[PDB]
Structure formats: structure tokens, C-alpha cells
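In the form solved without this ligand, a lone chain appears below as C-alpha cells.
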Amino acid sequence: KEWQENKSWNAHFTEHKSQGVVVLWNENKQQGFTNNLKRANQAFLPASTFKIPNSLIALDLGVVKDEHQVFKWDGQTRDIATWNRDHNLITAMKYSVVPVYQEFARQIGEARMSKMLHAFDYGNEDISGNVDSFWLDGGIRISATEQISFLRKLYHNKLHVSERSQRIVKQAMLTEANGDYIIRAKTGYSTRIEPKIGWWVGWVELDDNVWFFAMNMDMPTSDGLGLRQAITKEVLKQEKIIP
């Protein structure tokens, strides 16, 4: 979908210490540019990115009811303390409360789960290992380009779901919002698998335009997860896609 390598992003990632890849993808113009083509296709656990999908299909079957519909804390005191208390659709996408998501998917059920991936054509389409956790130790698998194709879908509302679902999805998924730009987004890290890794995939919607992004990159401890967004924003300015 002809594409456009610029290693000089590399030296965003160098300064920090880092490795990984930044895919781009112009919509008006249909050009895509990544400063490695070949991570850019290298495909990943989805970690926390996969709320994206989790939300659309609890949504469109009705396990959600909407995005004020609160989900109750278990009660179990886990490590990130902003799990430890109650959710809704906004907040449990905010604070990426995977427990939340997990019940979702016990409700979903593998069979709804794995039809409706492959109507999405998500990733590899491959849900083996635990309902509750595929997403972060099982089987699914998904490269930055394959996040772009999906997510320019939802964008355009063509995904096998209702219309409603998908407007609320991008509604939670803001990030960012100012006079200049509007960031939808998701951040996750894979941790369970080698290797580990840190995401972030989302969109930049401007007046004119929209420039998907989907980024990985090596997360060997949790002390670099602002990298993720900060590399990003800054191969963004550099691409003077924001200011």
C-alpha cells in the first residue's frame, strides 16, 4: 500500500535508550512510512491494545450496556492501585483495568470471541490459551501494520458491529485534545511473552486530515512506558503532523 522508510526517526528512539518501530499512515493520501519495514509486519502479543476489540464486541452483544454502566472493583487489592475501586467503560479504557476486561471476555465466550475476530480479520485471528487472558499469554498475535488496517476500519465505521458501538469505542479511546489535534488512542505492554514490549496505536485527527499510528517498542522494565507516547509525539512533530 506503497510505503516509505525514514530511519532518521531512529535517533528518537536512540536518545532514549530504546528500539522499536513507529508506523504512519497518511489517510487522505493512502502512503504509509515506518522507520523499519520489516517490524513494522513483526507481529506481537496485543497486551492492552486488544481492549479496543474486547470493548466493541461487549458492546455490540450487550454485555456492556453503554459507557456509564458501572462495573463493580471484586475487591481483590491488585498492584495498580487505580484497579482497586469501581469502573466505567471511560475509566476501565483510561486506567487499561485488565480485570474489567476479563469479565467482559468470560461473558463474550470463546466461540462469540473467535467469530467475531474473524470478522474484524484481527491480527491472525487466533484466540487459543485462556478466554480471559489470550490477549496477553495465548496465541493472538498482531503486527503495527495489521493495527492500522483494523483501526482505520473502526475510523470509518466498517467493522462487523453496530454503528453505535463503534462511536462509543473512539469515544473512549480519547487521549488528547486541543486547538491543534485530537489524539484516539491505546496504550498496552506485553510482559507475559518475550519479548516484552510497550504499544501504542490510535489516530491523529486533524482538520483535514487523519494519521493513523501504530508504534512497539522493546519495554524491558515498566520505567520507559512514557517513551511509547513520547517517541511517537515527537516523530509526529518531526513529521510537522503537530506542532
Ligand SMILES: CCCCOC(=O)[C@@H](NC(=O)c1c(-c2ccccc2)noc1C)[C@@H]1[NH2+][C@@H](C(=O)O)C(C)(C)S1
The other form holds:
Protein chains: 2
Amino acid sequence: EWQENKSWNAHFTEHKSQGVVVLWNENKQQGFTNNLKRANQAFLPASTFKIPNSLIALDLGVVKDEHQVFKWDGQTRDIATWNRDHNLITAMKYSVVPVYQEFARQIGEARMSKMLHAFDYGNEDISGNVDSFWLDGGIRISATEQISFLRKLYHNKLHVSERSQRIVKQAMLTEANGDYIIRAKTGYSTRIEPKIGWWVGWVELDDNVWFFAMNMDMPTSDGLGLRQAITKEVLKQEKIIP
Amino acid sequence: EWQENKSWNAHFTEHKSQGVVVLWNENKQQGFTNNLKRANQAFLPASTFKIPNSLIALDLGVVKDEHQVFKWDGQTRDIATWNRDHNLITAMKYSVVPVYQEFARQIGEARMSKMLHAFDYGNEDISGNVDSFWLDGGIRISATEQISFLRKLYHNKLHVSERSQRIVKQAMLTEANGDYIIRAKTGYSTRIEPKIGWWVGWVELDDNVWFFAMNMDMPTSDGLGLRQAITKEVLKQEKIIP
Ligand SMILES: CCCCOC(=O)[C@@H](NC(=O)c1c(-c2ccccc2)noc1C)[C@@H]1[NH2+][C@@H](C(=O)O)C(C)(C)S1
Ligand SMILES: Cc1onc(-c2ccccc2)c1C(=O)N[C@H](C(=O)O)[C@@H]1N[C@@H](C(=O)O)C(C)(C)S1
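Following the display of the form solved without this ligand, present the structure of the form solved in complex with this ligand.
Every chain and every other molecule in the complex is listed next, the one we just looked at coming first.
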């Protein structure tokens, strides 16, 4: 079952914005969205690709553990937080593209292609530069295919080791308190039209898990905070979080 | 209820191919597929677009009835059956692209877009050339979206006349005997990757209707007969046909 709930369109209208939110209730095995068509439209994943990229780099030994230091290469880039030493935890937190480009070059085309076929990930197409196909190449994924992928990660059912899956879930930690835990990854696709923002992940409660995937039109970086704000307005209306 | 049935994958691996078959049982309102992900992935419709294009041409009076002759323009093309006079029945049987390109020019961009919105047909996007957008422009549709559309046609529920719907169902007639009737349309998309074959339609029994939509990888035109043969192997396994 998928069920359409157009009342969530209010949360987008409030900000003169357009997009989709998809929720999956793990206990009841039912899905909900404001737009069934856009829920199945495939886009470039941009920084959401850092979840499968991390899994592959750990399983092949390109990354030894979550404390290994990746030293700054000395090139001043326009994002201040990229101009420093990182590990896996900080490289995911600050979406540090140059660290992930170096992992992809060491994984290589052949192993990257075989791993994405085993994950059943989006359209499985890596055409383009081995170190930029998720930003300006031929790979495409829908919000519903993001949920399918994330459910397998949650249950340790991807073909890679239990250990690789546990470390990446630790790196995805975004928020936690007495009411909920959020594990998630942001993305911003800016190189090829149409320009879109992503937020994909899940909410852990005492007795259930809600998986989510949202995308929205992002003509400039001024609206990037709306990825989390709009998603949290839907979770409150559904009584998932206070 | 959607159920995944991976035993059907044997009919694709037998012929060294890959694809999806989707079935819908009208009496039970239940669907079956070998591949839930591919069942909801969007592709160019190619010649399966002759179903909506026929419906719109009839309803606007571009085509008067099933007997009206469309005289060959006297340009020699590749397919020998295209180099002769046609009516609606023979144009759909032989998939005569040049006849349908002239229908699209007389319908025009504004009326074509309005009718695809009224039908809820795929992504409803006609961007590209008015006479080739279903071959190489922006329009996309999934196997499950082809079923939704065909169910409305079967029940005379699309927003055109009853007369337009009855004449198109006549032009779709493919096979009939004492056990079953098949109404359907073939497609073959090669202008954009991946290259795919389509077969969409339904099977009329004495007391039920089974809707189907299949697509499969088609690297050369040598495998085109597999569109029908693999679909009939699934129908036989499920005891829908003898
Ligand atoms: C190795 C250098 C790679 C840069 O790779 C990009 O394509 C990045 N994009 C941009 O720097 C932007 C932005 C913009 C502006 C303000 C704040 C954020 C982004 N506007 O246009 C371009 C071009 C990175 N791509 C994103 C992603 O991978 O999701 C990002 C948020 C990490 S930012
Ligand atoms: C979480 C998170 O937690 N803290 C910050 C933060 C705090 C202060 C400064 C910068 C970031 C942060 C965040 O925003 N991280 C961003 C993110 O991945 O969503 C990335 N980094 C941005 C950038 O460095 O500007 C970017 C536009 C490259 S995408």
C-alpha cells in the first residue's frame, strides 16, 4: 500500500516551494506521500551517495575504521570546513566531496559497478567520471528506491559485512534525545537541471521505525534549511515526534 | 496487495535476458510482479503511445472512423509495410510511425498536453518536438502506470467519448479463440539508453480480466519476439491461458 495525503502540500505552499515527502511505517508495512508521481521520479542523488560510497570503501579496506585521518591536500576550496583534516564521521557531517572523490578513485570503475548491482541501487548506471558520476553523470534514484535501500541497511541485509553496516549507521547519526533518534544524510544536486535538495533516513522510536525520503526544488542555497523544517512539520502532524 | 514472485525470473534467464512482467487481477484487485523496483521505473513509451494518440485523434475529429484512408506520402522508408495506404486498424497493426506523426501535427502541442493531463498519462510531459516526443523527448511511463491507464480504457472511464474508446479497443485486437481474447500494443525504444521492448494490454476470459505490462532489455532487434513469448510463459505458469 501507498496512500496519498494532499494536506501535506500546505507545508510546501507556506514557503512558496514544491516537492515530495515519503514515509514508511515498518511495523504496519505501509507507505504515505503527498505526491505518488514525484515519489517515483528518479534524480541524481548528489551527497546522499555518500551512504553507499562509505559502505563500499569500508568493505574493501580503502577506509580501515571511523578514526583513520584523511589529511587536507592543501587546495583552498570555497567551503571553509573542507580546508582541514577529516575522518569518516566529520567527512559525512560536513559533506566533504574531495575525500569521497579519493575513495571512488581507489575503489575504481569495475568494483563500484559490481557493488551497486548487488545493492539494487537506483538505475545502477555509473557512466561518467569515476569520481563525479553521482554529481553530473548517468546515475538516477527515486525517493521510494531510497527507502528500499535504507530498509536493507537498517536490517544489516546488504551484501557487505555487518561491521561496515554498523560503522556507516554510526556516521549517519544526526539527532538524539529522550523522544527519538534520527540517522540521515542531506544532498544538493546543482550541476545538472533541475536543481533539487534531498533528506533521506529514518526515525527510531521505543517500539517502531519510520523511514523517510524527501526532495524539493532548490533554485538557490537560501532555502536549504527547508529540507529538515518541512520534513519535521510532516512528522509532527502525523504525531511521530512531539 | 502487491506480491513479488521471483520464480518468473527463470523465463528471462532461459532466454539470457532481463526485464519485468506486471499482472493485475481485476476481480480480486491484486497485482503480481517478478521485480517491484523495475515495475515502478519510468521509460519512453515509444509505439505504446499509439493508444493515447489514437484516442485523442478520434475525439478531436482528426480521424473520422476506422475506415478513413491515410495515403502514403511517396517517400520510400525502411519498413516495406509503411510504403502503402493505411486506415486506423492497419496503422496500429504494422506500427506505422509516419501516419501517427501527421496525427500529432494536426492535434498540436496545446491540445496534446491538455489531454495527457486529463488522462493522468505517465509524467504528462510533452517537451521536445510535437511529432517525435514519445520517441526522443521528455515523456516517461512505468509498467504500473500503463496498467492504471489501460484499466480506465477497459471501463470507458477516460475523458473522451464512449465511441473513441470502443474504436481504439477494436484497433488493439491481437488474438482471439475459444479460450481467450488479447487486446494489446507492442513498443521498441532505441533513441535513448537503455534500449527496451514493451508489450501492454489485457486478457479477457469468460468471467475475469487480467491486465499486463512488460518491458525488457533489447540490445538488437533479434530478440523482439521474446516480448510476447516470455509474457505467454508467465500467463501459462499462472494457468490464465492453456
Ligand atoms: C571537489 C569540489 C566539488 C564541488 O561539488 C559540488 O558540486 C558542490 N556544489 C557547490 O559547491 C555548489 C553550490 C552550493 C552553494 C552553497 C552551498 C552549497 C552548495 N551551488 O552551486 C554549486 C555548483 C557540492 N555538491 C553538494 C552535494 O554533493 O550534495 C554539496 C552540498 C556537498 S556542495
Ligand atoms: C550537519 C551540520 O552540522 N554542523 C554543520 C555546520 C555548521 C557550521 C558550518 C558549517 C556546517 C552542518 C552542515 O550544515 N553540514 C552540511 C550538510 O551536510 O548538510 C554541509 N556543510 C556545509 C558547509 O560547510 O557550509 C555545506 C553547504 C558544504 S553541506
